[PDB]
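Single chain ahead, written as structure tokens, the form deposited in one PDB entry.
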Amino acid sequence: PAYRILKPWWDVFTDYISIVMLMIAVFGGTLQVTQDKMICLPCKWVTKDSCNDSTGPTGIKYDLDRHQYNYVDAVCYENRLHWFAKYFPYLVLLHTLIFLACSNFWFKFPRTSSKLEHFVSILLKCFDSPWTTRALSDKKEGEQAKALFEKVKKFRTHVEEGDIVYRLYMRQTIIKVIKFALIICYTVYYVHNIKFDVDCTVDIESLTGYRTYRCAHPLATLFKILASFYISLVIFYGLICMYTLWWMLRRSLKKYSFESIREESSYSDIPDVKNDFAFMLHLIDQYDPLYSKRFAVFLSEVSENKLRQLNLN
């Protein structure tokens, strides 16, 4: 619908950071399932379960076929390779899906979807009411206008009693910021774990004839870039959601301060909201202060009284 109004900048940036994060997850994964192989060779001279590194030169002959080179490639890939190298692209796609859910859960949950759609529906009618132009400074619009005064007066009490919307948005960002804290905790802790050269000692002499091998994961660099890119993409994500958390904890959005628009418009009799109609009003003010300024007229009694006198006369 027209839900762009309810997405501040801190949820517009985040909506795109949660796409590029998806692009590397689906790119790293399709690359992984595509090849993600290991090239493993034996080491004739072994010491400490490691390669000892002990006319014209000739090649070395291990006497192995292509099929018992591939066996050891799999064994040394399943056992002696770290889980974070193999399953990383599938892991950051998971976390991406959480971030996409934790921002659209607000809209899809029906107890809050109705209230939001109720709020945007009256605002566009309030925004598109011709009569508000006369008051911010005929008869058909006046009856259309009083029709909107009443439902707004019912909307003023229908939604104001419930406080679910401010809590979801409060319990959506606060877990997103807890989520970003855990990603950076382990991801940086295991990013060093992946590397190109890996040794494996898998204990198969009955099949091949060698105990230790030396492997070479070629995608170790290309993943190390994406993880270093992913962490840097998430830190910018985390600071965004850390700011909106602070904003929701300092400004005290439960109660709205409507004394400024009444200061200059000479409408002393305008009520101040208590809870959960202030917030969504505090939110759309982030978009612009115009949609609330056009709304201050439908919520005053003398403005209704002036319409009533014009409607009486």
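Under this definition, the rigid core comprises the largest set of C-alpha atoms superposing within 1.5 Å between the forms. Numbering follows the first chain given and starts at 1. Compared with the form deposited in another entry:
- After superposition on the rigid core, displacement of the C-alpha of residue 245 between these two forms amounts to 2 Å or more.
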Given for the second form:
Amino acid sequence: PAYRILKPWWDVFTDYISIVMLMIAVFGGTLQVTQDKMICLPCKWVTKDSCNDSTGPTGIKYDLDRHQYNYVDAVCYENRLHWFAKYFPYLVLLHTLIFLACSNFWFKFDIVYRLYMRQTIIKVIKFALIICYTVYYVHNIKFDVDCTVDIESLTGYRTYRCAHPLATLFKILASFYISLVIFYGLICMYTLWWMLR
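Based on the form deposited in one PDB entry presented above, generate the structure block for the form deposited in another entry.
Since only the chain itself is given, any partners or molecules it might have are not part of what comes next.
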């Protein structure tokens, strides 16, 4: 409407970054819903719950059905995959939704100045929390994950070496997502700099 005079340059760029982060969020959520799984092969040689990793070549016979493989993938997705690697798109969904709620709260609600200042402080500290909490855990998204779930009485093995296919692409999302957050904070920095000057 006519409220564009109340939305400066920083507000417009932050809004556009928020929409772009929403596209990243929904893309990650769609990937998690559709193509997120693991491929887990049992380790033939073991040494106290660890993969020992020890003329023509021949294939190794793991002597397992396809459905026991499916059970191994399900249990090593439930137990030995980190929760953030499974829930990163959903956490990013929550962050984007609450970020839109914070950015556009004063439009749907010296009262206005108080809301504006509170939203600015909240968005700066929330950018700081998001960057720290996502940089800290971003190493949990690995291609190769060694799982050990003790399903010998149902499968016949104790250790397996899973691979997560959509992991590294999530990395390509996550860093880029972090980069967008970085830019947000940069804008916030300038805003705070302007709020100082």
